[PDB]
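J.: One-letter residues, chain by chain:
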Amino acid sequence: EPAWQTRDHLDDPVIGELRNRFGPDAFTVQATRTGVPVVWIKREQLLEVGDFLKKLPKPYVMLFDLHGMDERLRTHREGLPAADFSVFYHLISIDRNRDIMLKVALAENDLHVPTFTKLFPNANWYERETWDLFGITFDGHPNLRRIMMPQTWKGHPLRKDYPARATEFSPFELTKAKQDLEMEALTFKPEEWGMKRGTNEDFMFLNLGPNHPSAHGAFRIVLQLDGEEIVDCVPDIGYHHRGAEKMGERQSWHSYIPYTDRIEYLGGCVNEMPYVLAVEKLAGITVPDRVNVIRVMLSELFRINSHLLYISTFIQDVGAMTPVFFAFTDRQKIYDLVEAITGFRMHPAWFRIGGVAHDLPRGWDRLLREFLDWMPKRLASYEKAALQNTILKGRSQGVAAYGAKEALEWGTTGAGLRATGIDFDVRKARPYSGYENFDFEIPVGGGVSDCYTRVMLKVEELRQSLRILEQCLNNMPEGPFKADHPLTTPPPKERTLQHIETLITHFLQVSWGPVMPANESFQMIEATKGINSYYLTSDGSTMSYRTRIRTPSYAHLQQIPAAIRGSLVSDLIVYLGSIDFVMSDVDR
Amino acid sequence: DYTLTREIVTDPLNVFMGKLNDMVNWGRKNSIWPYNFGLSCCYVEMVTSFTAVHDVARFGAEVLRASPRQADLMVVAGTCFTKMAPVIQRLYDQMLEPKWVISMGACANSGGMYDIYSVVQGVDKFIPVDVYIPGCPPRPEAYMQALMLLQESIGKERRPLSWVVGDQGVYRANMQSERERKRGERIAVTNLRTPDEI
Amino acid sequence: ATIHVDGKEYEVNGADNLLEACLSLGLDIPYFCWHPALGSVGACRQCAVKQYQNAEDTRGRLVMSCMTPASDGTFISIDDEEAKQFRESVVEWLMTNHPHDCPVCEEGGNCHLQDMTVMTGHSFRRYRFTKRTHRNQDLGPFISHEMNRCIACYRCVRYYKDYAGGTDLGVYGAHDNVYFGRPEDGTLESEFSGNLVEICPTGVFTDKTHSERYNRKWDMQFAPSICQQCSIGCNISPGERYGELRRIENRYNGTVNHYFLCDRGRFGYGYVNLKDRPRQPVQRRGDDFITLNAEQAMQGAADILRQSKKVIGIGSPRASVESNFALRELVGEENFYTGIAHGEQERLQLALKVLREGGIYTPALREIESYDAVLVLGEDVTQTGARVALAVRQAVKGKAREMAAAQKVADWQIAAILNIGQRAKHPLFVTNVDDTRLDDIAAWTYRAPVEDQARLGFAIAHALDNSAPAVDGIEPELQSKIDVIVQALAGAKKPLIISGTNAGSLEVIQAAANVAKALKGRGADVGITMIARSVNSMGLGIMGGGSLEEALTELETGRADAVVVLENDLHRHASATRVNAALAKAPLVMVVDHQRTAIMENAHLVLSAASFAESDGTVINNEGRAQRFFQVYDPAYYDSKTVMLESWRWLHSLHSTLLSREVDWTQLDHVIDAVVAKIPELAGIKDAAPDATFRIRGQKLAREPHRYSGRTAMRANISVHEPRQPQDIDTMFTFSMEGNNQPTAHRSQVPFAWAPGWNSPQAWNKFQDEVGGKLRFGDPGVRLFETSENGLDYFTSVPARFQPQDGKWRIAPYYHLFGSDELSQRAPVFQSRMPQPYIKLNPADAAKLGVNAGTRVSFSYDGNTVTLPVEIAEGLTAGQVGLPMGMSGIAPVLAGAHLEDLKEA
Ligand code: SF4
Ligand code: SF4
Ligand code: SF4
Ligand code: SF4
Ligand code: FES
Ligand SMILES: [Ca+2]
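Keeping their order, the protein sequence lines are chains V, X and C.
Every letter in the first sequence is one number past the one before it in the numbering used here, and letter 464, counting from 1, is 480.
Every letter in the second sequence is one number past the one before it in the numbering used here, and letter 148, counting from 1, is 156.
Every letter in the third sequence is one number past the one before it in the numbering used here, and letter 661, counting from 1, is 745.
Keep in mind that the hints were calculated from the coordinates and are not lab data.
Possibly wrong hints are sitting among the right ones.
Computed footprint of chain V on chain X, listed as stretches where at least three residues anywhere in the stretch have a Cβ under 8 angstroms from a Cβ of chain V [what the hints assert, rightly or not]: (1) 30–39; (2) 157–163.
To be clear about the criterion: a stretch of chain V counts as covered by chain C if any three or more of its residues have a C-beta under 8 angstroms from a C-beta of chain C, and this derived list gives those stretches [said to hold, decoys possible]: (3) 85–93; (4) 177–191; (5) 475–484; (6) 511–520; (7) 556–569.
Ideal Cβ positions, reconstructed from N, Cα and C, are used throughout, including at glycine.
With these hints in hand, go ahead and build the complete structure from the sequences.
T.: See the structure below:
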């Protein structure tokens, strides 16, 4: 049985436990290509099912995702409950290495679900984003305001009847918005943002944004302060919203790949991989081995690039401005190899449905060998220059520390989750893209996630990525760079240029789009900054019916208030430098 | 050929104030401090230009003031989001004359690939732009080439020397476009290296 | 019937074959040679499914789903491995010889062969040998020929010969050298040859008029419109790119014009793209022609109209219901004049009275194909209402259909039906002044003047019913033919009588009404069809008004000092000298029009109105069905200086500026409400289409496909800033791809057909409830009237026989599909197709005048001597001269007029 085969997952023990607890008629099991059991639960039993999953012998401890879907235009809904809208809850059990997708069906008039925040605190921002983009009200939410769009925004953009394209610009709207930007400091009310007891009169309100002098993006944090002590803080995000999901509903399966590049713009091919993997799951494509090793090579190269930039920016935020120049020279070496392979520096747009855009250029191994010889001495130099310095250690150790429980309840993944002592990497637990054929280690922490522990874990991850790159250079199969499937978009170019059936396939795939049959697919990968995921719903057309991108920087920014509570502003700056987030990843 | 801002006029340039104008323009163009404004991935390539492998410091554009008062050039490098557009306009208003604008990337040029509900389709909708860079992202040397283009744009524009003597309007030269200037050599290209090699 | 496809049970129709039954269920089977309108032949061998004998069976057998009936308890599989392998192999065999032509082929992105190559999953070529090659032929100005792309699916020959009755297209050659085309280079003679571009699943037959300015299907802006070239009202999809009307595709209507148009509707659109059209309002001041915008034109016209003492309005059957009603509201009901002559209006009102008061059910165009005998009186259907002639051909083949059904042969087995019914056909009796294009299948043809055809009809009605008035003076041979017609009509279960206003005689319409009443009195299921002239002739007849002669009399007498002419050239309904004198005497002439007419040289004000591609409105076709047509594109999107509005918008704004001195343009639904509130006869036009607030789950209807391209570059040469998307406040459609065009959307107006995997016109199968039937949620268009409870009385006005008087010549009308409609001659592709302007002469009259064939003769009509070359017409009765109606210089009002001093020049 192939990995893309449609499975109902009725042999999962979670289905049997749910049947024994709630009854055989309490839910509907859906057969998908997501790889996880999809269970449609009634709305009135949602909190009961969540509590039952939370109190399992090997419980589902992390709310991985929570969002909505507009099901009004979905023609192929066979074996599904009648739904105008739906809300899905993706929960991960690390102990079982399993996950379950609960789904709640809502009518068009009764668009309200009970809040999930009493079970999982990340449901705060997840439900705020669901309300902002779909208009679904969550009863019991502490403060259900818009998180992506401004508060004075009419309509909900991810609904099907909302126009995707840009409206006409008016200087009047900009000028009045400048007026509210002017009186926002004067007319600030903490009750709007969920804060309480604002201005006792021992607290002051501090706004860091909107523009920070850093490469992680532009955003605001409002802080309740007693002197230099932070008591309450909520981040103001949505300043980097690009409508990537709404764009996914109006681009074909092939023409959306450059938009998948700019989700985490320090990731590139790392961001391209889960999307093309989920599309290949929809298409029923098993890629050959050379495609797997090429994609692994480019993903590890871009992971090293992102980790180098993150370590450099953390060192610069500490105060040492020297190693960022040398590490950007190293990034220039990586960019030289990436320019040679894909033709571009930062957003290659090189992964394809079924393979990659071109074969590897003649001489890639030379550039890879020079880069692999160049890296370790520079890494040791950066280590001895800044990451073994006592001033950097005093600035970074013990700042914004959290344990395994806090990382599990807030959906923190990547360096922080492994620094809390939990060994969970997608490249080993749920392997993808032929990662089982590479010998590499997963670094883990002692059990407490400091800034320093996360930075050293990222350094060890860079070392392991260098090991993977060495294995890619030494052992590469000789064969096709595209699959032997009719849905490989585009087909190989020489056969397009001299065969007429291949020309027909190329013509209809680049113009109208490749036709993915109606199914739901899900791919979860380990990104450069945590765990990334693409959830793609196809209605049988040439475009995505629903593109849902889960990014870890959302969860990290939501964990920001729970970890910095009771600390200083400089601790907040060091924490922001030690998260490895981009605002495009948060806001997408 | 020049354009007024206080109108298409001619060149108004004794000889002493002419040399004063060339010296003032030389000092302005040889010392341009960009404003550190991070929007999106185009700012990542901007700070890649800022590092040691490209050396934007050679052009005297490396001081990178964090306050808009001390900066002369605004490099809008990133997407012009609707929430961030009043911030961009306020930061542009906080800058002082003379001020120039470089749009870096297709997002700042026209909105780029993000013709979406929450993106302003170009920064020229609300602030004037002096130099445009196509690319997504433009490479750092393209940003330095745009800096040179702005340098020869400044080098022949005319501005008042003092606020009490002379015409207070600002002259901007209607320069020949780079497309028509480079068409003589771009069309003559016949062969390129095949994409199967390094 | 009960079938089991891939283990899933379905209920289908047992009389259908498995291919159309499974396509109606939403299942996908590739097919080439089968068509819903043409039946099954089993040629392409593409539709192979695997049939099993019973519920438990593992071997099966590859059967042909188009050739297999969907009987009760059938077991088939589509996704069987052997069936899929064979379908991919059939695609591969078709692709062995196919040219590497998709980038330079006009069927690219619209190709059924491309869709089925992709859908079978064939993308790898292992064939390494040569590909066969064919030379091409010149097929005329409309169809472009490329025989290399043929897959030998035999659809073209089957449609063109068996369905459309054409004789000049066939299949030649042998084993793999089969050639589909004409026996020699020449124009395709059929009036329905344009449907080959949709019948052909490949790019062998392509729209050449579209090919001149070619763009792909995904790049089109489509709208659901009504064809404006005659009164049949066929549903069309006009598609536009870069501000010009690019193509007319057939839009499916299961009640009217299901899969097929005629060549006048498909290739006569080129008047929209004419460069001399008015794009701005123009005011004539002395010798200068100054250009206004909309507001100043409205203010000036309102001021001048307010100073006038009486303003009259001359409508037209070209304009929609809303434009005519807006003109009627502007000038007043008693000052509104229909733009047609007195005789044309009298014939139109009589045909309307017969239709909506005669008690006989008038059929739709699809319903015509089920009648058992057809009598066409006076009307040249193929040249005036061509789609009715096609439906008459199908009704004639109905006898072979019945003969094959009597032998338990399935109705989709077209070859067996044609073999059983060899040459037996239902009776067709056509009367005209000469031979018609229906004569190859007609049981009898009567070449006689209009009075003699009316007398033949009155005699048929008297022989059917003795209470009908009798005709005395019938020859014994003509009486024998009369009783042959009567015996054929009386034995028919469903007789159909077709007449119209194009014969130029009231008595022909009266005789047809008498025949229909006599057949109704015998208990027969008689239907009656009346063919009008223009697109909204029925609408102008229902709304009514004075004739053009009364308007010219008011202008000449000085009682009217202001005339507003709406979408009328005024020369097809009256003499040019009289119209010019009356318009020159009027101190204000104001022409609201979209085509540069000859009456604008004296016009004081010209309003640049919109054509059907740039306007919304309602038109009433010949059967009395109200149909809404929608705007295709915004003319001001590309050229911002273009101020071209709807005619009803112009006239409503003029009425508002005349009354309240303020400008209000309108919304379209406001004008629709005004029409249904003030004219109860036109109250049914509200249900023709839903209002502008109609949504499909909250979103509008997309005009263009979702892969519409060039949004940030197609206007970049004007300005790099992208403009506002045009807002359509009038209708429910949006001028963008941000809309709904789902096949399952609860709507009736479909701008274009597209399904994922079905890019060709075969996506209409996805847009129908059953394949070849109606649309899923009904067809657009609502009949304005029901059939009457009681009929009329017999028309006792029997005319005398035609007497050829000396010195005078009766003008026999000759109509052409290319040349008689007013707007179609303006299309520059038609001048290569329109015949040379002739004059038809009987051999005895030509010998009496000493003129041969081809010599020039000069005749004076209304004191205007024009010369034409002589063509000898054998079937024309002596004492008559035949003139081509609607051409240059020959108005259609000249039908039945007398001609003086016809003499060789
Ligand atoms: S133009 Fe491209 S690289 Fe620059 S900000 Fe936009 S998405 Fe990023
Ligand atoms: S007929 Fe179809 S398959 Fe053949 S060249 Fe044209 S588009 Fe391609
Ligand atoms: S010319 Fe077209 S319709 Fe005729 S057999 Fe060939 S592919 Fe079929
Ligand atoms: S029959 Fe008449 S309405 Fe139909 S396509 Fe021809 S001209 Fe148009
Ligand atoms: S469609 Fe049945 S054989 Fe051609
Ligand atoms: Ca309109």
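J.: It remains to establish, for every hint, whether it holds in the given structure.
T.: Results of checking the hints against the structure:
{"no.": "1", "hint": "30–39", "result": "violated (count 0)"}
{"no.": "2", "hint": "157–163", "result": "violated (count 0)"}
{"no.": "3", "hint": "85–93", "result": "holds (count 3)"}
{"no.": "4", "hint": "177–191", "result": "holds (count 5)"}
{"no.": "5", "hint": "475–484", "result": "violated (count 0)"}
{"no.": "6", "hint": "511–520", "result": "holds (count 8)"}
{"no.": "7", "hint": "556–569", "result": "holds (count 4)"}
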